[PDB]
Structures are given as C-alpha cells and as structure tokens.
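Trainee: Here is what each chain is made of, one letter per residue.
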Amino acid sequence: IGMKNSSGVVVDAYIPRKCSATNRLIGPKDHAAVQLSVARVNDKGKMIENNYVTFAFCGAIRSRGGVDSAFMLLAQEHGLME
Amino acid sequence: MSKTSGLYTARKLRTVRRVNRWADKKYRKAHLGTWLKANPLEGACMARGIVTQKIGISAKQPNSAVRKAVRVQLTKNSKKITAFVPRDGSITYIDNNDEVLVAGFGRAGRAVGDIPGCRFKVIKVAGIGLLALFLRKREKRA
Amino acid sequence: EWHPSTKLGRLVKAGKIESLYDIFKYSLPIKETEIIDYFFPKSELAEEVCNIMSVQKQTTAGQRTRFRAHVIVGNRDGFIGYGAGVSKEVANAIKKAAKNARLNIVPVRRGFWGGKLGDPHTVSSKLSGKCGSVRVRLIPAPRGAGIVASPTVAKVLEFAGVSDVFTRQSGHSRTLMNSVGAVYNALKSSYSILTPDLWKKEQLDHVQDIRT
Amino acid sequence: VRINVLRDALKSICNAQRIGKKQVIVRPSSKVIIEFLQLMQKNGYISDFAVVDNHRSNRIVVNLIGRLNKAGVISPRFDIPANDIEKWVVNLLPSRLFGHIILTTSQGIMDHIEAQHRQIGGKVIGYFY
Amino acid sequence: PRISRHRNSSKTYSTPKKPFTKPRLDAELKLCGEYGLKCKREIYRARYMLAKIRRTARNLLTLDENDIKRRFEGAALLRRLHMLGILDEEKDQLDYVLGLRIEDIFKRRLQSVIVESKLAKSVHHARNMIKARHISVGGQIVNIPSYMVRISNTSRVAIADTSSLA
RNA sequence: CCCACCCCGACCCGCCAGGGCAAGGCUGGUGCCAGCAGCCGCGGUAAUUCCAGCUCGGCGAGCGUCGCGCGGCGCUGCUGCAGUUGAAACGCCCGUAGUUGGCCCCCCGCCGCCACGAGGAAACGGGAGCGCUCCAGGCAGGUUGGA
Ligand SMILES: [K+]
Ligand SMILES: [K+]
Ligand SMILES: [K+]
Ligand SMILES: [K+]
Ligand SMILES: [K+]
Ligand SMILES: [K+]
Ligand SMILES: [K+]
Ligand SMILES: [K+]
Ligand SMILES: [K+]
Ligand SMILES: [K+]
Ligand SMILES: [K+]
Ligand SMILES: [K+]
Ligand SMILES: [K+]
Ligand SMILES: [K+]
Ligand SMILES: [K+]
Ligand SMILES: [K+]
Ligand SMILES: [K+]
Ligand SMILES: [K+]
Ligand SMILES: [K+]
Ligand SMILES: [K+]
Ligand SMILES: [K+]
Ligand SMILES: [K+]
Ligand SMILES: [K+]
Ligand SMILES: [K+]
Ligand SMILES: [K+]
Ligand SMILES: [K+]
Ligand SMILES: [K+]
Ligand SMILES: [K+]
Ligand SMILES: [K+]
Ligand SMILES: [K+]
Ligand SMILES: [K+]
Ligand SMILES: [K+]
Ligand SMILES: [K+]
Ligand SMILES: [K+]
Ligand SMILES: [Mg+2]
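Protein chains in written order, with PDB author numbering: chain V, 7 to 88; chain X, 1 to 142; chain C, 26 to 237; chain W, 2 to 130; chain J, 2 to 167.
Simulated from the structure, these hints should not be mistaken for laboratory data.
Be a bit skeptical, because a hint or two may be false.
[Claimed, not checked] The calculated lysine-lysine pairs, modelled on BS3-like cross-linking and capped at a C-alpha distance of 27 Å, are: (1) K70(J) / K53(J); (2) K35(V) / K50(C); (3) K180(C) / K41(J); (4) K151(C) / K43(W); (5) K22(W) / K3(X); (6) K213(C) / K10(V); (7) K35(V) / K82(C); (8) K71(W) / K226(C); (9) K141(C) / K121(C); (10) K225(C) / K151(C).
[Unchecked claim] Some chain J residues close to chain C (C-beta under 7 Å, calculated; not the full set): (11) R59; (12) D96; (13) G100.
The beta-carbon is built from N, C-alpha and C at its ideal position, and this holds for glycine as well.
Using the sequences and the hints, build the whole thing.
Mentor: Here is the structure:
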C-alpha cells in the first residue's frame, strides 16, 4: 500500500518493485535489475497468448550468481517445472 | 573495544579522562599554572608602564619594512617588554618618560603578522588614547 | 525537432509514457536530456551552479588549465539531480554539468515527523550518505523547524522539496563536491529502504512493463 | 570466551539475511533469546523458529522472510527511567513511527510502546528495525 | 541589602549566528518595509517570542494525549493563543501551533490593526499617529506602536475623544 | 520634607568597514618607503588592501579594541575519536589486586533496579490566573486570588 495520510490516503509518489527471490526493494538507477516472464503452456504442449508468469530480480542476487537456483525453486512452486 | 565497558567501571573511565586531559596543548596552557607565572601581565587585560627607549624592528622574510616600537618597564612587576605603535605617525607622541597603557595583540600571547618578538601594543600615552590622538580628536600638552 | 536515438526516447515522443515515476519504477537509464525536458516543460526545474574549480595538468612547456563545474537541479516537489562537467572554457564546463545534472534526476521520498496531518514535510526516516571522506546524516524534524544545515547542503535540501530536516556532517566537508555527492547519495537511497508500509506482497503484471 | 549469546545470534541472523538465506542456525539457545525471537515474530519480522534439544545448550533454526533492516544489543544493560525512553528512541531508531527498543521490566520482557503504555521503566537489552 | 537587589530582569531577544547572509539580509528588510520597524531588534524580539511557544508545544507533543500535563498546559497555551489572535478558533489542535510564523505575531500590533480598519493611510502614518496620542483602545489612550491587541479589544479601537481630530 | 512619574492650563545619529573568509567600488598622493594585515596576503614610481576625496555596506543610542569562560570541537570522544603506512599495540611468557565470566530450577529470603508515597526553604527556575497604557516587572485585584 504505502505511507498514508492521517485520513487514509496514500501520500506516496510510487511503489518500487520487490525482488521475487530476496524481497528487497529494487529502487531507481539499479540497472542490474531484471524482470522476466515465463510461458505457462497449459494447453497440449503449446503456449497460451498473453498469459504468463513474471518474476523480478535485484542486482544483489545477480552479482553473486544466486539466480540460477532461486529461479528454478520459484518455478517448481508455480507448476512450471519439477 | 579499545575502551573499557562494564557496569562497575566508572572509576576507571574517570581516571583515564583525568590523565589524558593533560595531553591537549590548550588545556595544558590554560590549566597547568606555568603560563600564569610566566605571563608579563599576570593574567590581566592591560598594564601600565614607563617608556625606556624608542626602537625600530625589521619585518620578516616576504615583507620589507621598519616597524616602530618602544621598550617598556612594567610598574607592577618591573618586567621588560616591547610594545608596537600602530597608525601612521603615532611614534611622535612617545617621549622617553610617558606613562603608557599597554594591551595585547590578540592571539593570547602569540606574535602576529610579521613583527618578530612582539606580543603587546600601546593603547594610551600619558593619559590620552592613542587612536583618538591619531584621528585628531584630542592633543598632547607640549 | 529532435529525433530520438534510443527506443525509450522514441517511445516518449508519442503518448506512451505518462510520468517519470514509471521510468523509475522499472529502473531504466535515461540517455537524452530532452526526455527529461518533455516531462518538465520550461522552468519547473531550478538550476544553480554550486562550484567552479580550476585544475592544472603539468606539461613540458607549462601548466595546462581547465575548469570543472558542479550543477544541481530540482523542482521543489520531489526530484533532485546533480552533475559535473570539465572543459577548457567555463561556459562549456557549465553546459556539460547542467546536462549531466539533468540525466541524474532521482525521486525523493518524504514523510511525517510525529503527526501525520497534512502533506509529508520531512525526510521519510533517517538517511545516511557517503562520498569521499564526507559522511552525512539527515534526521526527520517537526514542523516549523526549517532546514538546519550548512548553506551548501541547505540548497540541495531546498530544491528537493524537504521543508524540515536536521543534519550532521562528518569528514572534510570543505571539499564541496564530496559534500554535495554525499547529500545526493543519501537522497538517492530513500526509495530502497524497507519500511512496514511496503511489506505487502504484490503481483507483477507484464502488460504494464515498458519492455525495457 | 563467550559472553553475550544474544549478540552472536543477532549477528548471525543479520549476516544470513544479508546473503539472502532462507534459514539459519544459532547456538546456543537461552530463555532470553527465545523471548527476543518471540517479540520479533509477533511484530512480523521473522517466521517460525524451532529449538532443538541436545541435552546441552540447544540449537535454534530460524526461518527468514527478508524484513530485518538491523538488529542489535545494548551492552551493558543500562537502566532507563520512564521519562528517558524517548531520549533513547531518537538515538537508536530510524524514526518515531516504526522500530522497537526491547526492555526487561518487573512485568516481563516488552517493547518500548508497551513500556510507556504501562508508564514504567526497566533495563534495555536490544533493538530491531 | 536594599530591596531593589531582589528585582528580576531579563533579555528579550536573540541575535542571529551568521550576520552577513544575503538572502535573510534582504528578507529581513522586506519585513522592515511592510511594517514600520525601527531596527532589527524588533524582528529579533518577535522570533524570541516565537521560540518559546514552539518549545512548549514540542515538549507536550512528545507526551501522551491523556496525561494531565498535556491536558492542563496545552489547554492553557491554546486559550492564550486564541485571545491574542495569534492563532484562530478553527485550529484548536496543539499540532496547529507548530506551523506558526512571525508575520502572525506582527499582524496583531496596534500599528497593524489601525491600518487594517483604515484609520491610517499607511503603516508609517500609523506609527506617527500612535506617537501623537491620537488613538485610544477601549477608551484608554495607548501610546505604544508595539502594543498587542486582544480580539476582545479590537472592536473598540478608535480616535481618542480628547484629540485635535475629533 | 523636596524631587521624578502621571494629570490640567497658556507659549514652543554615531562607531566600524568596503580583495577572500564576509554584506558593501571612481579620483589624487605614496612607490617593498610610510603604512596595512586575527589568517591568507598588500606596497617595487596604472595599488579593488597604505594615506585622502566621492559613493556605497552593517549594527545603531549605541559601536569598536584587550583579556577570560562556554560554544564552535566527534581536536578529550559515557552517548562518541584514533593506534598497517599520517602521532600511537609493551620483545615475549607467567601472574596478584582490579574488571569481566556459558547454559539450566520459580511460585522463598537478602541486595541492586523500576514505580508510587511520606518528610524537609524560601528566593531563582518552570508554570495556572490577572491590560503596571505596552514592556523589563509585580502579586495583584473587582464574591476573590497568590494553584
Ligand atoms: K581505537
Ligand atoms: K576509541
Ligand atoms: K582501553
Ligand atoms: K558486570
Ligand atoms: K583516552
Ligand atoms: K515653534
Ligand atoms: K509643538
Ligand atoms: K504646537
Ligand atoms: K585603513
Ligand atoms: K586572533
Ligand atoms: K582566517
Ligand atoms: K587563511
Ligand atoms: K597612482
Ligand atoms: K572542544
Ligand atoms: K561541547
Ligand atoms: K556537540
Ligand atoms: K577506533
Ligand atoms: K613522533
Ligand atoms: K614516536
Ligand atoms: K614515528
Ligand atoms: K601490546
Ligand atoms: K605500557
Ligand atoms: K604479561
Ligand atoms: K598471563
Ligand atoms: K592468568
Ligand atoms: K588478576
Ligand atoms: K575482584
Ligand atoms: K576495568
Ligand atoms: K567484578
Ligand atoms: K571474561
Ligand atoms: K531503585
Ligand atoms: K521495572
Ligand atoms: K524558609
Ligand atoms: K472564601
Ligand atoms: Mg567536544
């Protein structure tokens, strides 16, 4: 949601994205951050148009190479892999 | 932790501070007591004395000039000082027996600018303020 | 008029992008200064020259002199920027500094000290910054307190839209470029700190992504 | 030798989360550490934990969800009158609106908001935010 | 001793820390233009009288809404700030005190009140008329330009019945 | 007792500056001399700094100079400094006083600790209420009050 006025209105200019792996906020000028999306076939081995899954990764998780395993673990939780 | 901690170490924390306080030159100058002894004015704002001589003093390296000053004997402790006379043409009011009120240059006993060995300055001559003598507001007798 | 050299600048020319906060939300670089100038038409930005320094390179025949200029921009309502430029002539150095200042715009998050009545009026919470040997602490302050900072820091805090702030500076702050760099870095981290207001999980919907 | 088990536990947890780990083991355990983790849990900063017995000083396994900016202890445990709490709030905490200073009082372990809700003092043991 | 040794006295203004700052140097003379201020001290006094009422509120706001100190002193502060007209009725929250400026204090001077009701063409003419005992407050002749007029006593500001302008 | 204040009647600035720190720039004289300059620096016969004239700046019935305390100063550091190379880890081991010491039983006693009371001085310091015409004040006042 974000910060609220005393009455109940969000006085926040924008909401940063959160990492799908480490829950950290992305922030502007973090140019190593990537958002990417997966097909989610569901239909006899063929994809369905404009129906994807989409994750995001901050630069800290990439700078050490943690994404190859964390992305796989995230995929095994959404029924896209095993 | 490079400093002692612990709930019962107040005595040590106080002893350390008492000992290391003396390592600062400012604190040691203002609190030891040797500067008060050696101070010609004896810890006062100003002091009066009689002129014993008139002198000229060379400036330091990058400047070139002859500064004008007077050797003064102090009334209250009979010490020898030299005091500077500012303000163009002012050395002409200083006869060889002229009670002078003398104050400091600032910097609390350090030499200033380009005058070697000068820490004091004349502010009054034979009862009359030297600045007002320069500005032509009062005049000496004769 | 200007013809974009980048796909983002080509997208901005049409009605594709509605505000800067979408470009910050998916954090992409901005390579043309008229992308910035399209969102802030004609002097909602304040531009002030902090410093001009003369630098010398020693050479067989004599010293070579150039100038380095430091420039800050902002809109008084939540955007700040800081650039630098080097050139033979002062005018070109200042021109380069102003361009670099426009390409470094960042958003600044504000909040409430104590009472949450009106608009956010101080920093959202404590902020810290480092540049060179300089370190800075921005501390939230009540209403009417003002901007309690050095005159160098107070201008950056004024352009940023922060009404009330306390400040502490450590290191050799007489070095003006590192002072402004530290304050800029402190403002730039304001949207990367997790607060409980932001804990709630969300779904990413690729339909809105500007597709890099 | 080992003196402050809570300090080592909190350093280990902060390291593990800064890496981006899901779980972390801290040993030894103690009553104070369990009270501190219970308060952190109830505020929502950590997930489940488990104390595993070994007929010695046990171990603890802590589950992490990336909400901890920092956690530390204050040594020694200075005592605080009821009216000095706020002079500590603007010292350790990033704001006056979120964060927690943990006190031990004769009415148990509790954060500072409840300490001024019951208008009492105690001794400071640590903080998280 | 003598009895006079037991009399109190106090300074009522604070001078700024950096004297030679340009933006507040000209901001400080726009104030001397919009009000017939004699010298900078009358600005300093004003800021000093703000700096105390700002210190009180921030002390109570750190407290809890149900403590007796808040309930007693904040009510006293608000009741005093509403009579002088430095603060208006619609803002009866202790948090509305913090956003106060000096201009609010300067607007309740007698020199300012008589200008508002147009008894004087300008503020300088107003100061001159004040010194000439030409104006009364509630039937009482007041000689002080810096006089602070309560909202009770602002219906009743006139030229004095004894006067050469009557 | 006289006077000051109040009431009624008739007459009637100055002190420091102007290159930077730090707000504010043309003519004459002097030519490393006289002098200035807290610190950077200025002056060698074209001086944004000396001595003057004009203009302009700051505070103002008050301004400048000297000395000291506090602040500046996280350059004394409990909060809160530094110790590879800038000043700074004893050549090393043992070891008393001192400081510090894992985890565990709850619901007793004795410390510490937290809270609330009792008891003792006012003035000062905060602070409720009150138009000495305002004010520094004072404890006033129009059934009252000095909480
Ligand atoms: K150290
Ligand atoms: K240290
Ligand atoms: K030590
Ligand atoms: K102990
Ligand atoms: K020491
Ligand atoms: K006349
Ligand atoms: K007359
Ligand atoms: K007359
Ligand atoms: K001069
Ligand atoms: K000095
Ligand atoms: K200096
Ligand atoms: K200097
Ligand atoms: K000449
Ligand atoms: K100091
Ligand atoms: K201090
Ligand atoms: K300090
Ligand atoms: K250290
Ligand atoms: K040495
Ligand atoms: K040495
Ligand atoms: K050495
Ligand atoms: K050693
Ligand atoms: K030793
Ligand atoms: K030894
Ligand atoms: K030993
Ligand atoms: K031993
Ligand atoms: K021992
Ligand atoms: K012992
Ligand atoms: K010790
Ligand atoms: K001990
Ligand atoms: K030990
Ligand atoms: K106690
Ligand atoms: K307690
Ligand atoms: K008594
Ligand atoms: K009665
Ligand atoms: Mg200090």
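Trainee: Kindly indicate which numbered hints from before are broken by the structure, ordering the numbers from low to high.
Mentor: 5, 7, 9
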